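One chain is shown next in structure tokens, namely the form deposited without the ligand.
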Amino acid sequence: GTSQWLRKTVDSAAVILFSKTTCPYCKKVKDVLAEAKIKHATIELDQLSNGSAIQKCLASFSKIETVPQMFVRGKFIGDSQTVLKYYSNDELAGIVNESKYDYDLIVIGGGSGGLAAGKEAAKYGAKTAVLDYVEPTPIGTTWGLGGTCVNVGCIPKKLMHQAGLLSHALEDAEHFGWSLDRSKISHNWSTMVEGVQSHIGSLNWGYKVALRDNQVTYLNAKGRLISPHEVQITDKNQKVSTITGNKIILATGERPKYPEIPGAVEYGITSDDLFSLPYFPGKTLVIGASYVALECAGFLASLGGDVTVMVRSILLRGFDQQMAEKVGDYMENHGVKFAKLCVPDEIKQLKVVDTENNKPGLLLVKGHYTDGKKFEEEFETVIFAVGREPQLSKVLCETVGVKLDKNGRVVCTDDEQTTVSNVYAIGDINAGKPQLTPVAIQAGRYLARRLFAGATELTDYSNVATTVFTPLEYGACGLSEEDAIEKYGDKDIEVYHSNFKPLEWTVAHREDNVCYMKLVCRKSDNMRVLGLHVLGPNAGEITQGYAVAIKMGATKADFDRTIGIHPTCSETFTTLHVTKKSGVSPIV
């Protein structure tokens, strides 16, 4: 058991010191390593319980049983006297840079997961390269380092959501005594984009600074894995070369899909293009019904747009469907139009985009309803939000041996290892895992620790909480209600639920029984909380804290015995009592 850990640790670590906090000879080596700017991992044997068997098992590698012991890339380097001899002889530098490979680690993809993994491995002395390239979109849109969330996802999405929310704040202000008149105030699209892009640029710059400050090589080039240790790179001048690394981490993400209909690629856009568009979209058609589609439609409507969503079948496929419909109902009652059970057939161009005067074009959209009836309407912009997909054929020579699943995602063990023993995958291309930025970051940090510092902790991908940032927000953690019933039967499931009204909505004259929350519990397991759900303001701040208690196995009684904070929306979870089986109304 313990011997197989020591072997794995010694072989992949780049520079590692085995040590004890009590021994001063270890401090003499530590101090020498610090002075020479030699980054390394350290393992203090007098802090692990099996540390006396580890000191014994070390002798299998060094033929000695004492500390300190310094290793470099699987080879024992020496004890106290031997390291000092190399220092004063000007030999230690070339020792610690001895490698069969150019890099200890090559990361392909400069996004949420890739940046996190690369920064963490460098902290333990691993020589690291991070590659990032942004394939432009069909109209040419491109952006800087940091990946999808930073440039064309969570960060600009939530900023624009926030600009939408501020419209209600101006409305509410009057009722609380302020003198403004909401009807006389308008929104400037390009002023908001300039402010959003300014912040994104400060994030691009910050990431390049952090890689320099960590000694990570940043190459703005497209990477391709041609053999288990060989990565082929193409740069901005189309110049091609090959670099080698010991461990490879794949982290290249996904890009938006287009439907195979005429005019879609030529005349539509995606979210990739939306967050830096020079003109207001104007009258917009959003095709799709994911959170991307609903979040985008939602804030375009609050910013004054004329917005329609085309729904093939259901909203928010994969989420609790009772919550999904309430999410949709609220949008439909607050200025978002819906074309239900409908799909597009072609986009025709009526007006080219006025690039000079900074205006959108004009398009004719044709489709049909599921009963055969026809759809025909004019829009200035057409946004496709019909899913996302990787394209690993552009990253992975097929002869390398990395297995993929049916959707083109990498099949991994629970320690992120692919079918090639030294190649790993993280983030959105890791098959079957939630596609979320906090997940990618955690997965990448923990893997760096396992590869280069002897760590053993795995990433836990179960019960990861979400928030859909629609005009009225929706936060969730755990199973949907229909999933829980499917898994245990209707008779073993109890559901406590209630409406509520945020106190901020009283004086502003907003709806009495629209916000809603529920807890889905398992009778036979002590009324364990299988899933939590809440529709309301600040739904992400509400939900997050509860994810810790769900991780710990919380029950209805744990909620019951905790006291609420008053006045908040979230305290409603601490006094829930109406069950669905009771048939009692949940209104307040």
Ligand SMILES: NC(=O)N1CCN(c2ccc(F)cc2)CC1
Contents of the next structure:
2 protein chains.
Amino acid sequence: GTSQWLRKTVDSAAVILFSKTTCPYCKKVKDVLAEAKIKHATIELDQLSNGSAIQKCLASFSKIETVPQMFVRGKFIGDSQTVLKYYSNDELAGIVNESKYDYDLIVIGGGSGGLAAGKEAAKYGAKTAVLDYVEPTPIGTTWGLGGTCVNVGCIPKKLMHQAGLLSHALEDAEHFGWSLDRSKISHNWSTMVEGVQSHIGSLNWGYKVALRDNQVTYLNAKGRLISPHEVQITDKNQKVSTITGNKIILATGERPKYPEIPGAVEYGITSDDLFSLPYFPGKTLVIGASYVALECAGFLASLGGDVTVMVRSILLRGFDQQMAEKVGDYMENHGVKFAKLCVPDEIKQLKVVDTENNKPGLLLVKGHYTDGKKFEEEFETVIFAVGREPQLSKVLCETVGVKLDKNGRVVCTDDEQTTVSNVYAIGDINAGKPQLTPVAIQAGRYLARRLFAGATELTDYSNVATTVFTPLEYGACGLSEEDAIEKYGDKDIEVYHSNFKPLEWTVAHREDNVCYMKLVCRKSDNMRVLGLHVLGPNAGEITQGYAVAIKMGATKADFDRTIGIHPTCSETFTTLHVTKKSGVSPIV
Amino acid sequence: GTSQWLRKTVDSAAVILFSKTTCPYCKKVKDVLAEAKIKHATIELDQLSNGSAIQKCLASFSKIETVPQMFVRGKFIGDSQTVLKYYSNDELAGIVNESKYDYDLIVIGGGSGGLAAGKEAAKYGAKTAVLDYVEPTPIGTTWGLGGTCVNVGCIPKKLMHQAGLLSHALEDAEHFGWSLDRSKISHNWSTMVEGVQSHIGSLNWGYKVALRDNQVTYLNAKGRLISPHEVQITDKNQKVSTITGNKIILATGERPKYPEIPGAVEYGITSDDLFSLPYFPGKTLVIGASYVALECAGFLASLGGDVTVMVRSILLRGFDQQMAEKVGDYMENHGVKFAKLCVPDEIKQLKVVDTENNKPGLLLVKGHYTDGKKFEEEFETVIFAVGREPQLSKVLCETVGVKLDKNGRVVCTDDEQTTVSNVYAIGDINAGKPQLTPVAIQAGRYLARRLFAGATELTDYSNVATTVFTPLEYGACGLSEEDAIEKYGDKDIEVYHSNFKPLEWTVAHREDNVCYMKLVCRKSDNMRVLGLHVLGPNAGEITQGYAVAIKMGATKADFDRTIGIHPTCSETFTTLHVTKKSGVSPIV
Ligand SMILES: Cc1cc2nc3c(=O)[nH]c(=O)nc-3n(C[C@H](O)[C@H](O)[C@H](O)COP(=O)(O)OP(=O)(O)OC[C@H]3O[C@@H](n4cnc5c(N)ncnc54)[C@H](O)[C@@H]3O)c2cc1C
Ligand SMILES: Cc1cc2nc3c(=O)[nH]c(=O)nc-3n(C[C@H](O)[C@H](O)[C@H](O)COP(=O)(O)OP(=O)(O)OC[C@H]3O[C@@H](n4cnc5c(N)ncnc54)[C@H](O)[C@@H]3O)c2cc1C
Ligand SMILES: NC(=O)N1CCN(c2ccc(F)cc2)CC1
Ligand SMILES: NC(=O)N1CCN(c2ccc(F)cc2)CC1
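Having seen the form deposited without the ligand, could you give me the form deposited with the ligand bound?
Every chain and every other molecule in the complex is listed next, the one we just looked at coming first.
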């Protein structure tokens, strides 16, 4: 038990010191390592439950049981006297640097998970390389270091969401006594894209500075694992070479899909292209019904665009469908048009994009509805948001032995290990996990600590909260109502719910009964809260704190005995009492 | 145990039915009761663990052990056959209305607590009266039903805070691509006040409708308790009379204090006057440093005013002082002037308020700093925010025997009972309790259920979260850092903290390291979170959900294992790691 943990820690750590906070020979070794700029992990035995047992297990590697023991890459290096001997004879640098591999860790993919893993590993003395490359889109769009969320995801899409929210703030301001005239104000797309892109550029540069300051080697190159320890790299000049590493982390992410129809690749775009587009999209068709599809359609309409969404079946498949319907109904009342039960058959080009005068082209979209009727209409821009997929055949030679599932994602143990013992996978390519930026970051940092600092904590992937940043936002944590009913039966499920109205909406004359919240609870388990759902402003800020309580097993009685903060939207969760079974209206 | 509960429940319930969900004779009685429009409490014995014991205890009152059994004001009325006999003989109506008093419940005070208590009691059949009166301010200001929060508190102050927040939204809009010119836009005070007051008026009316629809008698009269069961009332024609009630709830609240200096009452105003003022205050001095003082100074500055705050000693006495200093520094960097360590000596009138042209007057303020130097400056408006106090020698004859503390608040047991057995107190006048609207509402509703429906649940007053709505908002739950250190010692306290920057502030070029958050934890109790603090936008929405986790005993490990929602401000709580003891900078 203790002995198996110690064996695993010693074999995998790059540089580690076993110590006690109270020993001056420890302190003497720490100071030498600091002065020579040797980073390392440290385990203070006097602050662990069974540190006395660990102290005795170390003798199986060092033949000693005493204070100060330093190891390098699985090898006992010495006690206090021996380390200082190496320091005084200028032998230490070569000892801490000798390795059978070029790197202790190679990270393939420089995004949310990969950068977090690489920076964390280097803090404990692991010699680390991070590889990142951005394959251009069909029209040629490319970007810098940081991954999907930083460049073409959460960061730019929430900034453009905020630009959309400010249109209603302009409207509201007149009712609160400000003298502007909303009807006389317009939006400039390229001015907003320039501000968004300047912030993204400061993030690209910040990550490059962070890697340099942690002594991480950054290679802007495409990586390919050709055997358990060998990574083939190709650079911007198509020069090819090979580097080796002890541990490997796969963190290459996904890219958008295109449907298999004429004209889609040639004449449509995706979210990869939208966030740096040099011209306003104009009259726009969004094909798809994911959160990506609805978030993009929502802010385009708030910025003054003429927007239509083509929905194959339902909105937000996999989310609570009552909440999904309320989200779509709000968008439809505030401008967005919906072509329901409809799919596209072909895109025809009518005008080429005017790259000179900075204007979109013009397209003819032909499709059909699920009963057979026809769809035909012209648009200036067509955006595909019909899902995302990894392309691991680009990354991973089949002979290496890493097992994939039927969707091409990596099959992992609960500690992110693949079917190849030294190879791990994190982020969106880890099969079956929520595909979210904070999950990738936690997985990457927690893994680096297990590999290189002797930690044991695993990532917990259950009950991870979400927020869809549609014009009226939707936050959730836990099960949808229909999933709870399927798992436990309707008779064992109680749902408390209410409409509400933000105080900010009263003077602004906004809608009385559109915001909505509910708690889905299990009767036979002390009214345990299985899922929480809220539609309203600032939904992500509302939901986050409740995720801690749900992690600890909150019940309805816990929400009842907690007192609200007034005046807020969030406080409505503390006084819910209308049940769905009762049939009493939730309006206020 | 069971028998003492049953006797207390039977003695004080107005109309109560003991029942079982499965018994058709009970259903037969229920149907009769609401056809005759008789409201009542119900206790379903099959839904309780010791229902068999309660059923045997009922025989001590009725001489029978079966269900249904119906009681009125402590008296057994009959089983199914007997109730129906009274019904078909038109005797039932007189039975259920027979009382030794005019009312089952008289509530003195029609505010947050009193309205909540009165409506809840009437739902279980208590015949209820709610008394409310508004003593005019020195300049004559008065308002309608609903109490301090609704008319001169939480509601108008947050609407005016929102008006101030919208000025920075106008500034931000240009950076996000909108074409307005912030420098050419101004604010109209009276347009704002008209919109605020129209919403307040809809609340006044809504409460009167609510009382009518719950069969509660509303008396717009001043009440005075002259003996345990006797309330003397004085109406708006100075007509005086007496009403009697079984239970009495005191819920009369507080009003603002004035300092004992010349000119203060004659020429200054308080928050009671500010929210309906017919002219913009102009150049304004705020005397005081409470949350009321800083919130009012904050929105007046955002609306274009020239504002000074005169601080006797410290800001936000009783709140965490690091956070208080950050709140004030932000205010001072955005225009609010502070006269520190300074008190007023006299207010001189230079111009009378111009009631025709709708303009303030002009005042000379003279004061002094604690070292003796002099303060002298002119202002158009002087607002006193130097505390609030009850005036129970106005509500309560000393001969009744209700004990007060040295500050004039009512001394109560943990079930809100005064030293007079039928008299209870809720809300701001209950000594030692947090003075907040949701606390008063919870106390009132829970008390009504114990009096008239046999409930046992008490109000929990510990770890109640707060938010101060200054221009940058400050939310908190639990102990300040200095209180935690005093209680447990500095070596048992660990503080995790970080600055942050809202994503919304990046493109808008707002400040990098002004928002701030920390967790104050107890080392020897598994790093229990003793206090949570955050300074930033939407701080009340951020804080609320974590108050459930703190109620449940959250530790630092609970925050660490919960995953963040991205991009939000709140997610920064899920990844904190810099400790104060380490000396590492919290900047980002
Ligand atoms: C439009 C959109 C909006 C989103 N909004 C949110 C949101 O609000 N909140 C949220 O939590 N999540 C959001 N997400 C999801 C989030 O972006 C992902 O969950 C996250 O980026 C996954 O991180 P990752 O490390 O797995 O991969 P990525 O961030 O995709 O990084 C992988 C990197 O590796 C590179 N790479 C690929 N192959 C190779 C190779 N062979 N060699 C070298 N480098 C390679 C890729 O080009 C990329 O730069 C959004 C996603 C999209 C598309
Ligand atoms: C400026 C300001 C801002 C505030 N902001 C917040 C905030 O954001 N959040 C928050 O939680 N709290 C806030 N508060 C506090 C909140 O207003 C109080 O905690 C709450 O109103 C107390 O309710 P209550 O029922 O105890 O008394 P009140 O609401 O004051 O109601 C008592 C009522 O009884 C009446 N009355 C008095 N004497 C008699 C009598 N003899 N006969 C009949 N009627 C009588 C009074 O006129 C009044 O109408 C604020 C307070 C102020 C002053
Ligand atoms: N034919 C190929 O296999 N690719 C590999 C990736 N590619 C590249 C481009 C830019 C960059 F900065 C890094 C790498 C070059 C061509
Ligand atoms: N004790 C007195 O001298 N009363 C106090 C009550 N006051 C009044 C005014 C308006 C109202 F609607 C109800 C009552 C009149 C004078």
